[PDB]
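Trainee: Could you put the whole structure together from the sequences, leaning on the hints where they help?
Number of protein chains: 2
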Amino acid sequence: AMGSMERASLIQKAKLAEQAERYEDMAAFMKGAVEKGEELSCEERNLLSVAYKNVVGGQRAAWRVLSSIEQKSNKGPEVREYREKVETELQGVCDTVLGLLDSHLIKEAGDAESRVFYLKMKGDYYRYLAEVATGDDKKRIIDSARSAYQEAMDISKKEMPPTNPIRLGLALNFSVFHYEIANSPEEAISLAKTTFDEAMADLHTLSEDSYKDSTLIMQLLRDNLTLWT
Amino acid sequence: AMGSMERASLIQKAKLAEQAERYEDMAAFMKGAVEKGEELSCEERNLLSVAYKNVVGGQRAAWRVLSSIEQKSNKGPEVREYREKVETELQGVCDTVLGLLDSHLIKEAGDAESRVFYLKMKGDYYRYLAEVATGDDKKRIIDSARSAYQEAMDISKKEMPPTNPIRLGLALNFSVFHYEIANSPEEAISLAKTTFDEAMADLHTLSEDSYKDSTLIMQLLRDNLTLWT
Ligand SMILES: COc1ccc(OC)c(NC(=O)COc2ccccc2P(=O)(O)O)c1
Ligand SMILES: COc1ccc(OC)c(NC(=O)COc2ccccc2P(=O)(O)O)c1
Ligand SMILES: [Cl-]
Ligand SMILES: [Cl-]
Ligand SMILES: [Cl-]
Ligand SMILES: [Cl-]
Ligand SMILES: [Mg+2]
Ligand SMILES: [Mg+2]
Ligand SMILES: [Mg+2]
Ligand SMILES: [Mg+2]
Ligand SMILES: [Mg+2]
Ligand SMILES: [Mg+2]
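Top to bottom, those sequences are chains A and A'. A prime marks a further copy of an entry chain. Mapping of the first sequence onto the entry's author numbering: residues -3 to 70, 77 to 231, in sequence order. Mapping of the second sequence onto the entry's author numbering: residues -3 to 70, 77 to 231, in sequence order.
Note that these hints are calculated values from the structure, not bench results.
For chains that are exact copies, the list does not tell them apart, and a pair is met inside one copy or across any two.
With a cut-off of at most 30 Å between alpha-carbon atoms, the simulated DSS-like pairs for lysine-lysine come out as follows:
(1) 140 with 49
(2) 77 with 49
(3) 27 with 11
(4) 141 with 159
(5) 49 with 87
(6) 27 with 68
Mentor: In structure tokens form, the structure reads like this:
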């Protein structure tokens, strides 16, 4: 439904929807913009990520509440039916994002900052699919997340400095994937520790604003390490 | 889309959606339940009010942000177009609620607690329509809100004690209608003061739990009076 709206107008409206905290609208404007077929700039990539993170984040929090209620009830079919409806809507949002990345954001992304950003996003949305998946397509979804994260880590370690915020946020989310999804808490702790230590040694190269950006994400790595150890 | 679901299952799902903070779902479940055609109980009336208050409250806050941005811009048509889209969606939610009340909740409501609750709701949703209305259908929408509120106040003063929470909340919202919509700050202050004073004189008749319920709303009346005087 956005094919008749100018790209620039979709971007402008996504920024208005963010101000208004209208995240489903923001995602629909940014999906529209991606579907224009042009590569996205840094600012536009961040608008796309912020919109979908907030939409799926609402769905994941609801699914958690419902899942907890369902597990306590284990009445009639209602809790299961409504948890299933929220789960399906979550899956649909993840499949939309994964489809934007496959058609055709990743294949057109040649620069490291864009290619790492989109492969981190692919890891993240398969990770949200894994949180609700049961059994053995669960395995295949977990390996798709791990593969995306690993491709992004390999490019990031060749092409970005250790304090780059996209590299830091990738490592943060890959560490969370290992602790919460892959049942690999030692890998999670090793990754978050190595990432933190390599960033700290590179901080001296930064300006004051870059230092603020990097140390913000380093504090997230530290906060997980405190929770995990 | 809820015609195939049991009434009891719609109520149960509205309570689950409230726990999950899924207010659009909660409203759609309660609309479904109303459309079964049976009168609603006290608890069910409160579920209907909580769902729509949260849905329209999100829309009103977004419309405020957008309207402020638009008034500052007075670029191209985008801010106006997106404010109009949020305004239209707000109007649609209000028209849905008003339609449930007209078809046929109010006409079947014979007891004072139900009839006052639904006429307060009718006042409230015409009040939200008035906040976004421009000119002379604006006048007619303001008079519809005032008429509904006045009918509810007349029943409430005949049939409920001055500390009844529905009577208090009606008077609170009618006072806000006079201050913010009707440009009648003196009427607003007179109503909120008379209501507060008549409730205070009736508190001695209450149990401890009823006293907690009434004094909570009295504090809201006091908070407005502090803001207005
Ligand atoms: C509204 O946004 C929501 C909603 C629900 C949520 O949990 C349900 C979360 N998650 C968090 O708050 C913390 O997650 C972290 C922490 C560090 C790195 C990556 C992540 P994530 O798992 O990609 O979000 C966010
Ligand atoms: C999310 O819920 C929202 C969203 C946006 C809001 O303003 C935009 C409000 N309003 C308020 O917080 C205070 O309003 C009062 C105060 C006293 C009596 C009646 C009302 P109301 O005007 O019926 O709500 C609530
Ligand atoms: Cl359902
Ligand atoms: Cl390429
Ligand atoms: Cl629009
Ligand atoms: Cl009747
Ligand atoms: Mg064009
Ligand atoms: Mg390219
Ligand atoms: Mg510890
Ligand atoms: Mg039946
Ligand atoms: Mg009746
Ligand atoms: Mg004062």
